[PDB]
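Accompanying notes for the structure given below.
A single protein chain has been omitted; all remaining protein chains appear in their positions.
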Amino acid sequence: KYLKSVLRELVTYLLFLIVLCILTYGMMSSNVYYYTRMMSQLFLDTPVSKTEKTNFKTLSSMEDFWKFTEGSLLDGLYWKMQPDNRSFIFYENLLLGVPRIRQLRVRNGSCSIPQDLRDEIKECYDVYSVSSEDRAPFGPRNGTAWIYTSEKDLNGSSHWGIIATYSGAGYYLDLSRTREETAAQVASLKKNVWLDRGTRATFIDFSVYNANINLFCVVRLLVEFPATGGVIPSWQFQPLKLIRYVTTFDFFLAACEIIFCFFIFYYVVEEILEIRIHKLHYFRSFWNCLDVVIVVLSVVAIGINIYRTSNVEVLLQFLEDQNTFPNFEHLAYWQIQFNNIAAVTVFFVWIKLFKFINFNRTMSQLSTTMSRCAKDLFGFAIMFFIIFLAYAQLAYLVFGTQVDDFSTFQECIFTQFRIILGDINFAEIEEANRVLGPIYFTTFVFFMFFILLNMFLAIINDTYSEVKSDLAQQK
Amino acid sequence: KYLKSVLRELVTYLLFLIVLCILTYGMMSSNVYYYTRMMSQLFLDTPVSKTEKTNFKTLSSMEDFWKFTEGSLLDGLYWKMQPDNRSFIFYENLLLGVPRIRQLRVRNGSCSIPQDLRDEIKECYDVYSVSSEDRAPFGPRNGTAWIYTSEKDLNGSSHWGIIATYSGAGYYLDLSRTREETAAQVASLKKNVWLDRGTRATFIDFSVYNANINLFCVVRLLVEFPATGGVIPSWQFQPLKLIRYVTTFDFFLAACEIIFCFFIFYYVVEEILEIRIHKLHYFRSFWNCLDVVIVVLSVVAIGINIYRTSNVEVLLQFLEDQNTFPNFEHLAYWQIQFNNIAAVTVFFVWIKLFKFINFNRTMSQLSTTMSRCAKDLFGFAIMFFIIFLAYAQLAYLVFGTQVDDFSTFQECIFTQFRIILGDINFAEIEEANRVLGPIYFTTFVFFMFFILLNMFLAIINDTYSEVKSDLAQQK
Amino acid sequence: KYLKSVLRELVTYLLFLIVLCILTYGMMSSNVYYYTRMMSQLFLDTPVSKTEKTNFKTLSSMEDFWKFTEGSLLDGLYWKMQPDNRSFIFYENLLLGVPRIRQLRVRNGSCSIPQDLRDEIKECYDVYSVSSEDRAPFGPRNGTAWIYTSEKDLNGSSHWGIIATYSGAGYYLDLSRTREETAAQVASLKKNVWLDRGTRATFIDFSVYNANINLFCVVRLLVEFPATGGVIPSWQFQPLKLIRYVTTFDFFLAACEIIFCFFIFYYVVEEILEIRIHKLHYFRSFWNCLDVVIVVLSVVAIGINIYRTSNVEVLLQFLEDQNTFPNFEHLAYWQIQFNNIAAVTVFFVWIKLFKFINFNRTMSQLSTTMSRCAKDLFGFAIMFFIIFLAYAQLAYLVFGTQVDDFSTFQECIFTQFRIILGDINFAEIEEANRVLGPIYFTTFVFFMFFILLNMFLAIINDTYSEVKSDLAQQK
Partner (left out) sequence: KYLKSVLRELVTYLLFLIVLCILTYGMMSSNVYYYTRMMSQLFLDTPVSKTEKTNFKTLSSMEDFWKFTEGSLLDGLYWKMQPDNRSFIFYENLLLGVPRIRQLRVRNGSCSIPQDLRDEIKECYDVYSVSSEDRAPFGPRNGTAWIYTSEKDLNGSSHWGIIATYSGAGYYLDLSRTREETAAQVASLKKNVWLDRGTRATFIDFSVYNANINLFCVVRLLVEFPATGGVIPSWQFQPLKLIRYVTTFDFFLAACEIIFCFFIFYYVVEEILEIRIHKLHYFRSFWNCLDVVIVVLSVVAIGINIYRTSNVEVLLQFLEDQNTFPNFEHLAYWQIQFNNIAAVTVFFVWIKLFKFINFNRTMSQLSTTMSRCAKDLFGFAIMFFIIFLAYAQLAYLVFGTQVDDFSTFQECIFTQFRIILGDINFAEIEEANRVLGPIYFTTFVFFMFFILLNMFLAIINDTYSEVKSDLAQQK
């Protein structure tokens, strides 16, 4: 009967489970996590390396930021001491091409006008807008240095980042694997007094490769100067398996690889017919979209993965191998996006067992009610969220004052979780203003943390304590 | 019907919601938070800058505190290297005037008398009292240096601060934008061996301005020496939009600005008639004051905002522009106070939706009981508070011993929350006395943290679990 | 009626409440907490002061510990630069006498015998026992340096401390306010190669005084070398009001001071008659001992406070004023003990209102049951405590391995609270042994932290949820 029907497809759920797992398990062995950090903090948490404390992760001063140029990543991304040309990485990994420096810039004399201080100020700079977007050829002129290029002139898109979240390319440079002039560039950038005053965001980005497990990784770096005059740096990192081709073990992963694409293809159409079979039948059912969420999810990876990847990998052999540098980013961006959703699927992919693990017993029948009576969870979720946002908002306004954790308003929505959990650096909140707001801190941790608790749990308890009688009303 | 009546005013609640939001959203864009810290820790967490560790945030020794004078904020507040006079702020923001140094002092030979140690002690100094308040012209005399001035002789009020919380001006100085003698002052203050021995509180305060978003900010600094001989420093920071006038975007914010003042003006009178309509009708109703709390709240900003601000902004053009320095503080103090309450309103302003969001369903009817049966929350709140204060008190007495987090008795009321939440630095509590009090720590975290839990939650649970039957008794 | 009877004594409870408060409030103003730390970390967290990192709070090496002698507390306890003799404390507080160095030592060749390694080892040293207690006159002989003295030969007792917890005086020295030879002592202690090899505990202790608020404080320092060869340092600090006499404000505190001693004296006898009136009547009543706990508590302070204090304060004028040093310690030890219990009373003193605050309403009647039905709290308290001790024990055994927070078995009973609360430094537990024990960590935080929760709260809930019906059965 159905025990033949479902377990058969359940077998498909069983085996194909390991398949994508095998891919993830195969494409990524456990050590890949190390391969991030071990390959990271050789740059990030490495100091400025003057025999001075501060790292990249803490940078402040403008000119200090060239002490990042000279003495951090420059000598960070390295040339090796062994003794035609042949350049590896710390004897392990593999460099390719050479980074592509980007930046931003805006029209001078744009905005920020004091009316009567025009004495003191001849010109000013406002924030980086959708209208900022302005292109200064003005020298000192060596070639590129002043050359604007649109980001359609370049190939990939821009970067997202926290505050902006924009697209544009102010200037550009392709770096030099030669350690000689890559500093003399900067020295010629002294000759240019470099590229920045009111510069918002500086991009120096590239990507590289380990030889051993052949895996590939991207270096995307973000240094924001918000228009108020500050310096906020950050990072971006993604690993990559560049070609699904493996010179050795591909046909182990390529074994099941071209297999599943028609496997799920069977899953594709079968419920599509069930869409017009059941239209409102899955409305209000709440067992519906989740099952078919994967459908959208799956194809997204499926469709555009090989579509983009198998395309450009070719020239990646060529535009790379010459000292010139191929942009892999936008491609990688997809891999990221790929990696992202593919994982996000894995959950729902995984939890496909969650419905499968229990057909067994009263156990299986009771969780049906669990969320079915959890409808209330949605009811007072809001009053929390508001009151949650409330303090957060209030926090924003109140604590827009000096404090971290706060007042990039989104982050205040997290730091409003982070507290009820813990870890808070509280010496700052109080020392903001000795009345203000620590009462807040008291209020919230009083109110929320006392009001929030059981309004979960009772509704968890009651109907569940009700499911006992409600499982007693079958007996 | 009422669906026309309320939603119409609800529309007013809807739109006017965004209005004050727009102001806050408009007067403060998100980055203003950075504009605090990015502009702060260039002073606070910056070291003493001798190539020595300690910052301002950690200061201890008396003479070290002049290593704050020379090598911290002095060179902190800066003169720029570009090449008549033209001085900008790190190329971004804008200085104005020059700081006004203040201080305190007390009569010598006042109090602190050992009877038989008068051998060892000729004179002494007690705490800073309401009677301390005493004025030493005694030299070395250059002009101001010994000149007392009352704080009515000066313009603004004093500062609050933690332990004192007083008003007075011991001496005064207007600083120099010239970096030359601003040290030679201190050098002439070496010639005066400066101003301090038993000095309680040293004020060096001022305020400045960003050019870009035109926003304005105040620098209020507090260094307390409590009479026991110690050194406790701190800070005070508030941002400002100085003139509601904007040379560019004012009429965007001035669009709705003069609009709402008569908008809420409609709200003003309408319930005032409802006060004599319903007198005791809102007594015991508990739906009453909160609705009309805003009323007091609103006008406070409303009335005195433009009242004080629009006044003095004029001379702020003049007394500023000469090398002499206008006090903006007391004004700013209001802005703070302004900023403070205006935010505090926003909550209740915000939560005005909290009653509005739910007219919908049984959801709306059940929260009525939520606090209505929460009356018990007030009942055993006290026994906690006492027992809370109890340990805290006990903590005060017990841990008046060396420890932080404790024994400025108010702060012990927080550190009595901070623990049950977490983060405690516990190596100190035990190491106070190996019996004493870690049993306490055990007791509390045992007792409270076991006794406190459900005495919330049951009362949360029960009556709520009772609201089910109590929502079942409508069905 | 009784409303005249109780409130009258309640008035006594009301007023006399503030009395002892006033004492504590009067004897200790809030700033006294600072007066600890501000006066402390000028020694503790101050580095070794070579321009080297480590402080006293972190000391390790034997010889490094003389870098504590020379360059920490020696120059810490200071002589002032102002210009017969006249020496103040940083211009504020007041030194008295000069510290009394103590130490320990044990018989050589006592124990620790490898049988076949007697080749390698001629002599050894075991732990510090009740039988260790052995007295080496052997030189190099200058006078005291080798002179044992019993602690009855000296005046006060010994110190408790963590591992030992013993009494004895190995050697002694009275220090020198002269900063000259106090180092040359140590230099003559180089001439003696100092006093230590297998030395267990080194005591350098003294006490001093602030002039301003006249308050007094004790410096008791502990450096343990456990016999395994390690170095564990620590501190001891207590503040003091030395004479209840105040040269100025005494008669404010001496106002109510001689008042209360006969006040409570009224409380003394009145229930003593009630002891033979009610013998078993207070048995099983559980309202009994707590009320009369204070009785023991009160007199303890009462009796021995002035008994010891008023005695020795006399010679404290004399044995102090000569360059020789009076031991105040044992006296202070009582003050500590005094301070300790007097505070401990204050709780029960305080909570005397806890019964008083509620005679009011059903509120007052329901908490009667609260602990009355809390009898169960004692029932499964044990199973926890065992299982608590269980893991702790298991922790001890398991984690007797390198780790802090653990395996001084008492401390493992705290670190078994500390986790369920939080803050754990967990990188150590796992990295102990990669199986061992992090499963433990999992188990406990699973088991306890899931099993412990509601077994409190249900028993809190149920009977309380039962008190509703049990308060419904009066209605």
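Letters A, B and C mark the chains as written, and numbering starts fresh at 1 in each.
Here is the rule we use: a contact is a pair of C-beta atoms (placed from the backbone, for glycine too) under 8 Å apart; a residue touches a chain by one contact, two chains touch by 3 or more.
Touch with the chain that is not drawn comes from one residue among A:414, A:446 or A:447, which is A:414. Among A:141, A:179 or A:468, only A:468 touches the chain left out of the display. Across the entire complex, the residue among A:91, A:138, A:262 or A:287 in touch with the chain not shown is A:91. Checked against the full complex, the candidates A:97, A:161 or A:438 give a single residue touching the omitted chain, namely A:161. Residues of chain C that touch the chain left out of view are 60, 62, 111-117, 120-121, 124-127, 163, 197, 226-232, 379-380, 382-383, 386-387, 389-391, 393-394, 397-404, 406-409, 419-420, 422-424, 426, 430-431, 433-434, 436, 438, 441-442, 445-446, 449-451, 453-455, 457-459, 461-462.
Although one chain is hidden here, its contacts on chain A can still be listed: residues 24, 28-42, 86-94, 160-162, 210-214, 234-239, 245, 247-248, 317, 336, 339-340, 342-344, 346-347, 350-351, 353-354, 357-358, 363, 367, 411, 414, 417-418, 421-423, 456-458, 460-461, 464-465, 468.
The rule is simple: only the chains that are shown with their structure count from here on.
If you average the Cα atoms of chain A and of chain B, the two centres end up 36 Å apart. Centre-to-centre spacing of chain A and chain C amounts to 51 Å, using the average Cα coordinate of each chain. Residue positions of chain A touching 2 or more other chains, listed in rising order: 422.
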